[PDB]
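Q: Given next are the chains, with one letter for each unit.
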Amino acid sequence: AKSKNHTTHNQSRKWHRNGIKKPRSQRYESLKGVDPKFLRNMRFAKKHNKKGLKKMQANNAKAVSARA
Amino acid sequence: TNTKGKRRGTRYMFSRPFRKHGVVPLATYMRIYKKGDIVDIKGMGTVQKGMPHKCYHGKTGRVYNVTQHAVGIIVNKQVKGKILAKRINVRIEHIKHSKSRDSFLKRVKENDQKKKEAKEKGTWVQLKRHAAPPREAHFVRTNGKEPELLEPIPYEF
Amino acid sequence: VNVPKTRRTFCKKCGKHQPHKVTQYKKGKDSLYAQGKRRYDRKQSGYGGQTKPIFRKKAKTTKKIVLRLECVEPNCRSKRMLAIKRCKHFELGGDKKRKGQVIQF
Amino acid sequence: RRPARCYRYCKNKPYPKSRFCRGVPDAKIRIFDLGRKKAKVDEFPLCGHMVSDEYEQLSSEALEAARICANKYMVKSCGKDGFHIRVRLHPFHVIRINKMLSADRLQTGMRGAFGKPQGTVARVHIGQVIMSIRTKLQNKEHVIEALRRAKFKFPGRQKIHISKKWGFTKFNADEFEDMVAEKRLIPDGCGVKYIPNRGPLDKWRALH
RNA sequence: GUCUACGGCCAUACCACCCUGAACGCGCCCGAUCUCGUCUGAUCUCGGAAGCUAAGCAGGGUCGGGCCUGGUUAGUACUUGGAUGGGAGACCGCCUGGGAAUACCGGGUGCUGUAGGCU
RNA sequence: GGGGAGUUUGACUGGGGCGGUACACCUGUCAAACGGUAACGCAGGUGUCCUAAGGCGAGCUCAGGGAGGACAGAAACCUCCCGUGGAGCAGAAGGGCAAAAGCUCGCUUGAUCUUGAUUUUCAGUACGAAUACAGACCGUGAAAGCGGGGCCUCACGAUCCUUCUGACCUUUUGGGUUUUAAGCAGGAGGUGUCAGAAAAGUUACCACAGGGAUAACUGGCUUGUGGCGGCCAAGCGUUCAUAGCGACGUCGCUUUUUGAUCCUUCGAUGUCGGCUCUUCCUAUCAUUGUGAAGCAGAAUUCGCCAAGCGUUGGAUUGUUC
RNA sequence: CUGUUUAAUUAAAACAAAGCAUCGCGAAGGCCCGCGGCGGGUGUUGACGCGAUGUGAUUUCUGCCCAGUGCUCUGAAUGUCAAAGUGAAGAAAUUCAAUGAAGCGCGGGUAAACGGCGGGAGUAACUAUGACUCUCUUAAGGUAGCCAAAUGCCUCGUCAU
RNA sequence: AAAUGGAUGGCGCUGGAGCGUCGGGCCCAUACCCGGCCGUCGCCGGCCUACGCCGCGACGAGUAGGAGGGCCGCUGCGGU
RNA sequence: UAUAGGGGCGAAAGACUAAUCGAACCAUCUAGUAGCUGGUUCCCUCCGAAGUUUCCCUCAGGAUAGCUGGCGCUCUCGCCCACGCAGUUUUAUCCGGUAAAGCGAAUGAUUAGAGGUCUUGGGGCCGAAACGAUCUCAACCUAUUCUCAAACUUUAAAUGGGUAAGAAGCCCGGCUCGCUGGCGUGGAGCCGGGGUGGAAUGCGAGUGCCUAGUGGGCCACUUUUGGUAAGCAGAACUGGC
Ligand SMILES: [Mg+2]
Ligand SMILES: [Mg+2]
Ligand SMILES: [Mg+2]
Ligand SMILES: [Mg+2]
Ligand SMILES: [Mg+2]
Ligand SMILES: [Mg+2]
Ligand SMILES: [Mg+2]
Ligand SMILES: [Mg+2]
Ligand SMILES: [Mg+2]
Ligand SMILES: [Mg+2]
Ligand SMILES: [Mg+2]
Ligand SMILES: [Mg+2]
Ligand SMILES: [Mg+2]
Ligand SMILES: [Mg+2]
Ligand SMILES: [Mg+2]
Ligand SMILES: [Mg+2]
Ligand SMILES: [Mg+2]
Ligand SMILES: [Mg+2]
Ligand SMILES: [Mg+2]
Ligand SMILES: [Mg+2]
Ligand SMILES: [Mg+2]
Ligand SMILES: [Mg+2]
Ligand SMILES: [Mg+2]
Ligand SMILES: [Mg+2]
Ligand SMILES: [Mg+2]
Ligand SMILES: [Mg+2]
Ligand SMILES: [Mg+2]
Ligand SMILES: [Mg+2]
Ligand SMILES: [Mg+2]
Ligand SMILES: [Mg+2]
Ligand SMILES: [Mg+2]
Ligand SMILES: [Mg+2]
Ligand SMILES: [Mg+2]
Ligand SMILES: [Mg+2]
Ligand SMILES: [Mg+2]
Ligand SMILES: [Mg+2]
Ligand SMILES: [Mg+2]
Ligand SMILES: [Mg+2]
Ligand SMILES: [Mg+2]
Ligand SMILES: [Mg+2]
Ligand SMILES: [Mg+2]
Ligand SMILES: [Mg+2]
Ligand SMILES: [Mg+2]
Ligand SMILES: [Mg+2]
Ligand SMILES: [Mg+2]
Ligand SMILES: [Mg+2]
Ligand SMILES: [Mg+2]
Ligand SMILES: [Mg+2]
Ligand SMILES: [Mg+2]
Ligand SMILES: [Mg+2]
Ligand SMILES: [Zn+2]
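Residue numbers (the entry's author numbering), protein chains in the order written: chain Z, 2 to 69; chain R, 2 to 158; chain m, 2 to 106; chain I, 3 to 104, 108 to 213.
Treat the hints with care, as some may be off.
[What the hints assert, rightly or not] What follows is a list of derived Cβ distance ranges for each label pair:
1. R:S101 x Z:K15: 50 to 58 Å
2. Z:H17 x R:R32: 36 to 44 Å
3. m:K86 x Z:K47: 43 to 51 Å
4. I:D193 x R:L27: 48 to 56 Å
5. R:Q127 x I:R203: 50 to 58 Å
6. R:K83 x I:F119: 36 to 44 Å
7. R:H98 x Z:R44: 27 to 35 Å
8. Z:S26 x R:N90: 15 to 23 Å
9. Z:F39 x m:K86: 32 to 40 Å
10. I:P205 x R:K110: 28 to 36 Å
11. Z:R18 x R:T2: 25 to 33 Å
12. Z:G34 x R:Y30: 20 to 28 Å
13. R:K129 x Z:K47: 39 to 47 Å
14. R:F140 x I:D179: 26 to 34 Å
These aren't lab readings, by the way, just hints derived from the structure by calculation. Note that the Cβ used here is the ideal one computed from N, Cα and C, for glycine as well.
Using the sequences and the accompanying hints, generate a full structural model.
A: Written out as structure tokens, the structure reads:
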């Protein structure tokens, strides 16, 4: 009882009925697969930022506000 | 039944061009690749360490990871049903920059320069592109020379 | 294949490359009261008859060769198993082959 | 042997004899030049051509029969050693046959019916020359009649044409007698060598 | 107008032959005691500076061979879409668009990135 | 211990069986210049080998050819020259490689540990294979660097059970010690029908549910084969191609043979031959009227309009023949 | 031969038959029935008997093979070998060791037990075919008979009627 | 040259009712345009059963299958 | 009168055993199981397919994905400018090895002629024989010449594949790093104020859950594999039943 083996007929119609839209592009996609050393350095820079940010950046903001 | 394989059917795709065999040129190594730049993929046969799959040949994608001898590229591979954003780790031997992004950057620089320069003069410059418009009415010239008559040649075997 | 009898390899216990001694691995005999043999015996006992199946249709010709690496450092006695690809003929210790030899038959 | 009706058109890709056939019967034709091969280029001025009008296949046996007919007519029309014929078409496409049940339904119907090679044919395109004959200036009607006789033996539909070229060379007949006088064409047996101007000066010093 | 050291493009810059090279530089070249290695100081290594552009090398030339580019081949072979177009078929023509290569001919044959010595 | 009882008799398949594995995995074409794409489509392979044929560093350049040297001869060894891969890289092919991935030399096991993410068939599940990292210990070179197997594309295996390795680990049930057992992680013992049941044959004494998804009848599509014609004309025909044939080639009709496919028929179309009987077809055996011969007559051979009329009696064979 | 056979598609060449052979058994036995008993059939029986097979009037013939598959017999010289029993180690579970009943393996016999019975080369004063001979094989190579048979594909074999 | 008598569809057609190139008219589909009516959807409008009453526009085929409405229908029970 | 159902009986046909015998009849398990046939009941309205991927002792089936429907939910227009999307085009940008073409270019096949001969082999000539000399053929080389390659290729189309055409972007200043490091070097992260009109056309989009049916297809223009061919078997895009 030989039958049909494999065809791709009437497949593009099934695909285009729902759509072949591109994947959802969003900001801050992901951080997976990134170098572990680079990720560790980024975490350290993010967690040590508020130590010196809230003072020197505030002083510079006051200075630029006095400038303009 | 078609003998699916990792390098099936790349006899002419992964081969080096004619009169271009030998060691790799050193200019392709000194190129800088940062995160977020749009690059292209072209499989090279000189090295076989980090070559991509035959389905990503000629594909353009952005870089999301950088390492010592390779780069991570997010490629939009169209599977039968939809498109998947796949992360691929390929060495720098098979990657080159995309001039489309460079042309776009040059165009946006020209635009933000032209507008900044014309704001003072008050001239509303048309920096937005357009399609090729139909040519306007022009005046040809014959300078007294009569147009040459064209006649179809008789058939000859 | 041919393998060396002694090779300095990373030791899991002390965390350092120590000279281990390579020997052949022999599958130990399955002793009784192993919680699988007891269950098998209790299942076979009775009038049922061959509760568990016996494997037929053997296809694999040879097995995978594994080596027992034992660390020679005193008061360490670290033992490990190292597997290699399948092979028909395996030889534990022999002379090294050379080039420009006297292979004349 | 199967008739020529079933091996007329071009239905399959070229299947030449190579390392993948590993078996093929020998062709029917063995010789392509039948006139005087040692003739010079100034011996036979004109030349005819059998140009095919249909894109089909020509069998080597048909080529053999047609060239035998042409030679038999020519050696009687203008005598032996007075012409030069050439079958330009060469057979390389190998047609395969599938012998059917060596007569009973015991054997397989179409299971593994790739078949074995049967013979060799020649693929001809529209406008491709099959045969070409060179003779003297007065044997025009004789060449035309020989090509007409070969037409009745070749299948399909092919016409006759007397080319403006000089013999077998790619040069015209009008620009040949004046270009061979001065050093621009060198006759070498049945062919002519065209000497270009972009060569070393020693080749020009050797002449003149 | 040139070379050396390090390099990008990787024959417009490779191959064979023939001419020129002033002042630096490259090299040829002279010698094995120490560093070093072979049968051999030929090659690789520490000592040079008696001669040389003979060679490499750098330029120029060949109605030179290759390489690049441009005409010819040619709107030709092909090809997207169309017809109730032709033909018995094989195949072909038309409309709307894109458009190849070999013969043949003509032109070129290195340009530059950093440090340095000369006329 | 078939005396008796239970159960099984792989799948694909131009019907089924036999044949073969297209059932697991690769190379080139098929494949229509992204990827993908079938047939019992083509041309081939694999279930291994390597303590080096892995890694590093250095040196050298291969196959072949040209001209010479005592035995030396086509091929022994030495020297010079040409030598862009025409050799070699373990094995089937494709790609790739020249101070190299090829040969030689010296040290070496990175062919060792560990957690993730990613690529490949993909349902984007697993196995296998592979990529780039990261964390410790080492190899190598002076060093930049390379190496966590073979230059790349295949060379291999779930659950349960068994065995081995490690914690100076967890539980062994009212509380302690010990043997033992169970428990965590990773290596092996196999499912080649290779995402993995433990399996012989016959039934013409056969039964059941179904199938025209699937053979043995007919009919239908093509005519390879069979039969029947045409064209060319090398030759036979004492002479002479075509009175009569006509090779080498080539173009057509037929379903009165066989074969190819399985479209209707499986809740049945009663499947060989013979006897009796009707009608039709013409590619005419004879008869009516004709043309041509190598037609003296007679007897013959080749065609034309031509199916109106006939085309028998028996021996053996079920026989068509 | 007489006889019997598929009631309701077969009457036979089938079955049966006397005859011819072979096997087991001397009764605490041979062949069988039986869930059970020293329960039952042969057996109110005893080798001229019982039980199990093959061939199938009379005559003459009963060829050769025990290699294989079956049957049977032998010696604790001899290999494998379960429970149970013995010794040892261990605190014990447990482990090891010594010995080892039938059977299997080894050897002999048996084919009126199942069965089988090949293939090359040189040799006659017309030549061939072939008297005769050499050689591989396994256990032996179709002897006496008979035939295109109810057994022969080629085959509608060849010759005579 | 093929077997029941028979197929440009038939009758028939030859200054065409045949072939090739064409012109002006004409014939009709559930297609197009205009208009009425029914339903769905969207937008809605109003402080007239709000689960009701209106307005505009665009669309309506369909096996297997999935939903919504029924003031369609049969039986029995609690209210009316 | 004795033998009663895996039993009896059988001069053996697997025949007979109450019209049933290659395993009787009666009742129960039992409404045994069936991937297999047949059937499956009222109206209207709306939406509306698949015969395809992978796996299975899988091929008359099932699971998975895909196609479909329902329930929603989150926003956007409606009073010089939109978020976003597209079976499409335009502009830049690479990717490829088909059609075609070539082999007086690599590899493998391939017909014939012309010249030169270093050597090799076969013939004829001078003549004790002799690379002492000569004519010719085969072989080799050179420059041409005819015809081909789905598993050849220098070159190389059309069609076609991916990306980009902005506010998720650019310019400026300052902080953090245990990452790297001559250097306040490089690279990432964060903060702060200033500047939207960025190719054409068309359109409202995004997302969650549940889910039936399907899992035998066929035909056509064109490109194609096996076959002589088939209303034959097997593929790619599109359309149709
Ligand atoms: Mg199917
Ligand atoms: Mg027991
Ligand atoms: Mg020394
Ligand atoms: Mg020394
Ligand atoms: Mg020296
Ligand atoms: Mg010099
Ligand atoms: Mg000089
Ligand atoms: Mg030149
Ligand atoms: Mg077209
Ligand atoms: Mg049984
Ligand atoms: Mg089957
Ligand atoms: Mg394609
Ligand atoms: Mg492709
Ligand atoms: Mg090296
Ligand atoms: Mg290879
Ligand atoms: Mg190669
Ligand atoms: Mg590391
Ligand atoms: Mg499987
Ligand atoms: Mg059975
Ligand atoms: Mg019977
Ligand atoms: Mg059918
Ligand atoms: Mg025929
Ligand atoms: Mg049929
Ligand atoms: Mg009937
Ligand atoms: Mg009937
Ligand atoms: Mg009649
Ligand atoms: Mg009786
Ligand atoms: Mg009867
Ligand atoms: Mg008794
Ligand atoms: Mg008798
Ligand atoms: Mg006997
Ligand atoms: Mg015996
Ligand atoms: Mg005991
Ligand atoms: Mg004799
Ligand atoms: Mg005899
Ligand atoms: Mg007799
Ligand atoms: Mg009529
Ligand atoms: Mg409508
Ligand atoms: Mg509807
Ligand atoms: Mg009512
Ligand atoms: Mg029973
Ligand atoms: Mg009865
Ligand atoms: Mg029963
Ligand atoms: Mg029921
Ligand atoms: Mg299926
Ligand atoms: Mg949906
Ligand atoms: Mg290809
Ligand atoms: Mg081609
Ligand atoms: Mg079919
Ligand atoms: Mg089909
Ligand atoms: Zn250790």
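Q: Where does the structure disagree with the numbered hints, that is, which hint numbers, in rising order?
A: 1, 10, 14
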